[PDB]
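**Q** Here's the letter readout for the chains.
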Amino acid sequence: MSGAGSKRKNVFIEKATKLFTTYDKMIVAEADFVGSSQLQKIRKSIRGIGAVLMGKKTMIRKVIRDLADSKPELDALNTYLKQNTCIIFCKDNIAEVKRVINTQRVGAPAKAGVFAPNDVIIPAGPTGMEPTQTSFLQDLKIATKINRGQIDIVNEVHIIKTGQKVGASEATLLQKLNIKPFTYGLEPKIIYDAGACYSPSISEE
Amino acid sequence: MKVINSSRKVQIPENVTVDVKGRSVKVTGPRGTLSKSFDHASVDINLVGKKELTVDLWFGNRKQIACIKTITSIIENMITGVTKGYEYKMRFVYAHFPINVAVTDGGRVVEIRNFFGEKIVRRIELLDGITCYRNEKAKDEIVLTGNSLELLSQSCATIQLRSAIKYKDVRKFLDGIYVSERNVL
Amino acid sequence: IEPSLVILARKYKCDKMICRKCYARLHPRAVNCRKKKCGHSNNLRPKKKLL
Amino acid sequence: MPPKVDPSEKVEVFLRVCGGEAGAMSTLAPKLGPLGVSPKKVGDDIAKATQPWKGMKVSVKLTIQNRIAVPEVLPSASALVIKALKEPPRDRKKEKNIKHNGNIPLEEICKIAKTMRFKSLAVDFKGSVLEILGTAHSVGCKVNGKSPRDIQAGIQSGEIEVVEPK
Amino acid sequence: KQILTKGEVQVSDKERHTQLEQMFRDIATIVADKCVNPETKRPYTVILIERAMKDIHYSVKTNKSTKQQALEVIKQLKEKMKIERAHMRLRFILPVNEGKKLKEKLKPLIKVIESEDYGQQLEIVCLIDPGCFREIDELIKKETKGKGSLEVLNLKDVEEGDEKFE
RNA sequence: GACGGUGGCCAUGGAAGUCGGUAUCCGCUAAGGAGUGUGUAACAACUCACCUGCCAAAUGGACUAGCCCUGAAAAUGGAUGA
Numbered sequence: 001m002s003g004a005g006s007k008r009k010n011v012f013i014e015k016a017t018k019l020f021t022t023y024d025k026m027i028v029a030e031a032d033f034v035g036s037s038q039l040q041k042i043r044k045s046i047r048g049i050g051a052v053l054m055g056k057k058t059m060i061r062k063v064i065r066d067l068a069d070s071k072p073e074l075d076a077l078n079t080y081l082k083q084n085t086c087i088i089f090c091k092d093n094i095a096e097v098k099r100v101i102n103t104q105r106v107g108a109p110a111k112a113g114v115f116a117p118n119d120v121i122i123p124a125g126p127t128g129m130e131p132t133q134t135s136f137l138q139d140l141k142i143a144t145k146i147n148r149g150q151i152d153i154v155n156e157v158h159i160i161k162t163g164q165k166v167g168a169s170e171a172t173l174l175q176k177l178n179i180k181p182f183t184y185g186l187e188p189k190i191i192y193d194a195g196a197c198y199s200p201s202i203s204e205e
Numbered sequence: 001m002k003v004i005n006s007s008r009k010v011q012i013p014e015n016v017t018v019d020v021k022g023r024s025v026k027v028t029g030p031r032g033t034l035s036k037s038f039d040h041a042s043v044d045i046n047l048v049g050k051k052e053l054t055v056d057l058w059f060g061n062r063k064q065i066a067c068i069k070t071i072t073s074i075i076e077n078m079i080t081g082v083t084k085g086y087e088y089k090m091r092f093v094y095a096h097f098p099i100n101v102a103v104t105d106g107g108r109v110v111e112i113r114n115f116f117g118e119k120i121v122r123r124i125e126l127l128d129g130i131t132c133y134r135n136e137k138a139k140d141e142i143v144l145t146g147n148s149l150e151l152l153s154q155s156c157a158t159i160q161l162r163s164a165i166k167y168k169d170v171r172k173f174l175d176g177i178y179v180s181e182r183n184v185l
Numbered sequence: 077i078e079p080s081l082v083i084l085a086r087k088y089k090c091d092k093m094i095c096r097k098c099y100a101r102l103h104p105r106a107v108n109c110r111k112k113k114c115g116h117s118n119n120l121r122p123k124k125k126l127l
Numbered sequence: 001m002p003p004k005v006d007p008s009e010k011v012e013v014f015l016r017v018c019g020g021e022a023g024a025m026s027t028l029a030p031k032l033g034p035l036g037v038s039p040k041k042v043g044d045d046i047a048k049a050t051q052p053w054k055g056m057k058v059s060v061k062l063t064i065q066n067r068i069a070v071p072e073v074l075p076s077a078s079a080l081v082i083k084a085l086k087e088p089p090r091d092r093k094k095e096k097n098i099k100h101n102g103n104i105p106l107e108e109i110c111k112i113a114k115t116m117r118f119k120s121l122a123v124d125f126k127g128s129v130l131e132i133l134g135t136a137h138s139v140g141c142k143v144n145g146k147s148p149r150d151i152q153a154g155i156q157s158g159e160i161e162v163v164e165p166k
Numbered sequence: 085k086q087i088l089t090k091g092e093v094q095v096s097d098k099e100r101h102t103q104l105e106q107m108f109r110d111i112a113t114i115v116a117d118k119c120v121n122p123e124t125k126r127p128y129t130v131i132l133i134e135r136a137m138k139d140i141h142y143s144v145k146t147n148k149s150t151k152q153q154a155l156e157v158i159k160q161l162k163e164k165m166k167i168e169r170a171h172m173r174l175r176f177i178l179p180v181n182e183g184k185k186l187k188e189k190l191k192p193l194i195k196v197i198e199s200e201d202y203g204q205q206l207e208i209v210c211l212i213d214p215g216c217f218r219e220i221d222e223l224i225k226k227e228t229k230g231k232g233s234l235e236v237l238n239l240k241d242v243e244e245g246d247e248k249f250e
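Protein sequence lines correspond, in order, to chains A, B, C, D and E.
Take the first sequence: its letter number 156 is residue 156 in full-length UniProt numbering, and every next letter is one higher.
Take the second sequence: its letter number 64 is residue 64 in full-length UniProt numbering, and every next letter is one higher.
Take the third sequence: its letter number 13 is residue 89 in full-length UniProt numbering, and every next letter is one higher.
Take the fourth sequence: its letter number 126 is residue 126 in full-length UniProt numbering, and every next letter is one higher.
Take the fifth sequence: its letter number 40 is residue 124 in full-length UniProt numbering, and every next letter is one higher.
Quick caveat, the hints were computed from the structure, so don't treat them as lab data.
It is possible that some hints are incorrect.
With a straight-line cut-off of 27 Å between C-alpha atoms, the simulated BS3-like cross-links for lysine-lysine are [what the hints assert, rightly or not]: (1) 240/E x 195/E; (2) 231/E x 168/B; (3) 125/C x 165/A; (4) 124/C x 137/B; (5) 126/D x 91/A; (6) 111/A x 137/B; (7) 90/E x 148/E; (8) 187/E x 124/C; (9) 63/B x 87/C; (10) 125/C x 187/E; (11) 139/B x 141/A.
Just a sample of chain D residues kept apart from chain E, beta carbon distances all over 12 Å, derived [stated by the list, open to error]: (12) 26; (13) 32; (14) 64; (15) 100; (16) 105.
Every residue, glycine too, gets a C-beta built ideally from N, C-alpha and C.
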């Protein structure tokens with residue numbers, strides 16, 4: 001049935017329903033490409049002020065806490081149906097948490113099937129191309145045009161967002177080139193309050 | 001046990017029109033007409049107005065239940081071939097001998113000379129919906145393109161099968177014309 | 077010689093899984109000889125590599 | 001214990017195996033040595049200029065050369081100097097054989113040698129310092145007069161030295 | 085039982101075969117043991133002494149032991165020809181990376197001395213080998229490696245072979 | 001995602017998760033084997049354990065024994081009687 005097997009949820013629910021009523025101001029984050037190398041260097045800063053707490057869609061076991069708390073799992077923004085989340089909890093630093101949590105990011109190339117964050121720029125132009133790596137990009141469907149003396153297609157505007165998969169042939173163009181345009185990491189979605197929403201705005205700063 | 005009813009549903013896009021008359025499905029798309037019979041099934045192929053096509057089977061067990069998903073996916077192949085037909089990409093791998101490839105468009109045939117330094121000319125016709133052309137952009141690659149998957153992939157498989165090293169050790173030589181990509185648009 | 081072409085060519089006639097009774101190529105995620113001589117036997121090894 | 005200094009111009013990042021009588025039975029890699037521009041007789045004494053006495057033959061030690069010289073540096077491992085001060089003498093001829101470690105207490109060296117590798121080891125200090133390096137070797141014990149990780153959990157030494165050494 | 089113990093094994097319809105094939109198995113084994121030629125000593129095949137043992141006109145008896153029979157056929161050609169009756173020694177040169185799987189093949193096959201391995205230069209080892217086993221070891225260190233490997237002579241006569249006259 | 005101490009102890013040109021004898025605890029978490037593998041001067045790099053994201057409802061295994069198939073090759077042409 002439930003509550004069985006290896007790595008039991010009945011020893012996780014002691015953290016997933018009990019310490020989820022002892023906090024003031026929380027950060028709905030994004031764990032869609034975040035490492036454990038980049039996570040251990042942000043889970044030592046939060047450890048003194050709070051915790052990095054998520055049951056990951058075990059959290060509809062929070063419906064029994066909503067008797068007097070009136071805590072929304074679906075009534076707030078980002079209705080939690082298409083993504084992964086690991087929400088950030090704080091006791092001491094409920095206020096200046098948004099600055100070290102958005103510093104330790106690393107820019108890196110993406111792969112195929114990644115969750116495609118809001119700031120992705122395709123490597124293009126003269127500096128974003130070799131004359132030898134054209135024959136890989138010459139394999140694809142789209143025909144090329146000559147701009148600034150190079151077999152290349154230019155796309156520097158944002159075309160993809162969270163919820164659309166990246167094609168498979170686009171991954172090697174980020175991996176082989178040194179072009180890492182965006183420094184990605186944790187992404188705050190909603191600033192959550194104990195029964196309401198504190199800030200219903202996004203702030204990546 | 002044979003289940004009472006086991007159906008599927010095929011979604012017809014708005015530019016495609018199916019003309020089915022007793023297990024004889026005939027799509028018509030913008031880019032070309034395609035048809036296949038399914039007279040080897042006890043199946044009532046049947047369309048719901050304009051947008052749906054419902055393969056159904058009353059009292060099938062297995063070897064019959066297993067066939068409705070097959071003949072649903074084949075109609076889906078016929079549909080996708082007549083909206084945005086399949087285009088296969090085939091690449092030349094050789095050790096030392098550069099493979100030459102000829103192509104005309106009478107029967108759209110391919111002719112494969114200097115394969116492993118063999119002097120026999122590997123003239124091969126394509127199945128009767130298919131054309132092909134060399135990739136000027138990517139080196140050592142010929143892209144196949146067509147309207148039906150059972151014609152296109154079979155033409156590609158005949159190119160690939162007829163491009164083998166015989167009487168040798170196939171783990172080392174690896175000279176041939178293999179299917180690389182299997183795109184649609 | 078591109079390594080991706082060697083990977084593609086090994087995908088089609090080297091990366092197999094040959095049955096032990098039926099010396100017969102199967103796909104690399106097989107568990108059963110597809111042929112009657114084997115007895116549909118579930119005894120099969122990979123195709124050996126080179127060095 | 002040589003002192004640790006800042007990185008310099010054009011640092012020759014090296015990796016060595018020994019520190020006692022280096023290259024005794026040819027116990028150093030002769031390929032990590034001359035790949036960087038340095039002779040072999042220069043390279044043998046580098047293993048002892050950084051640690052003369054407390055090296056061991058499986059190491060993540062580091063030796064740096066500030067416009068090439070021996071600068072008395074210690075960017076060394078956290079594992080050599082904790083099983084080195086058990087049975088103290090760590091030379092090359094006595095690292096041909098096995099050894100049973102000494103059960104003489106080292107809680108008060110396991111805070112200075114705690115972060116010898118990196119500055120902040122991304123580990124919770126001041127309450128769990130003795131449950132990472134106190135149990136890092138199940139061979140032998142630190143002292144037989146106490147049993148670790150339970151009369152060593154909050155029973156700790158040093159509020160200012162768990163990240164920074166002496 | 086008396087006929088079995090106090091008798092001698094007589095021979096059936098296959099006597100002529102189990103005697104002629106026996107005396108043609110005997111010359112095809114005991115004569116070919118350790119024999120190198122004149123002129124900067126090399127080994128060779130069996131059929132050269134199958135010529136040169138009918139050429140010395142050897143008559144083969146079985147009741148003298150096979151090791152003694154080995155020491156008897158080479159006495160006559162030390163008397164007649166200029167052939168060597170001992171071991172030899174080689175100095176194998178192999179590169180480091182692509183020769184270790186050649187090392188551990190012959191290391192439990194034959195005896196070694198002077199195992200001197202580097203990183204930058206070539207593994208040089210010396211051998212304790214019979215005179216005849218060289219022609220295998222000239223070819224097996226190329227047909228496994230796939231490149232060139234060097235045969236350098238060390239010494240031409242060591243005892244404890246058949247020179248102790250067992 | 002698959003991190004640190006740590007490249008665990010030992011052993012040696014070199015053996016760092018990944019040729020071997022022995023142990024197998026910790027931090028941080030939802031999740032880490034002192035590593036299920038491929039390879040290498042050893043690394044690196046790819047990879048599996050375990051967790052998590054999309055999803056929407058049944059899934060997986062070890063057996064049992066009915067029919068059937070492999071096992072199953074002989075000489076004139078061929079015999080459930082056809």
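**Q** May I ask which of the numbered hints given earlier this structure violates, with the numbers listed in increasing order?
**A** Hint check: 3, 4, 9, 12 and 13 fail, others pass.
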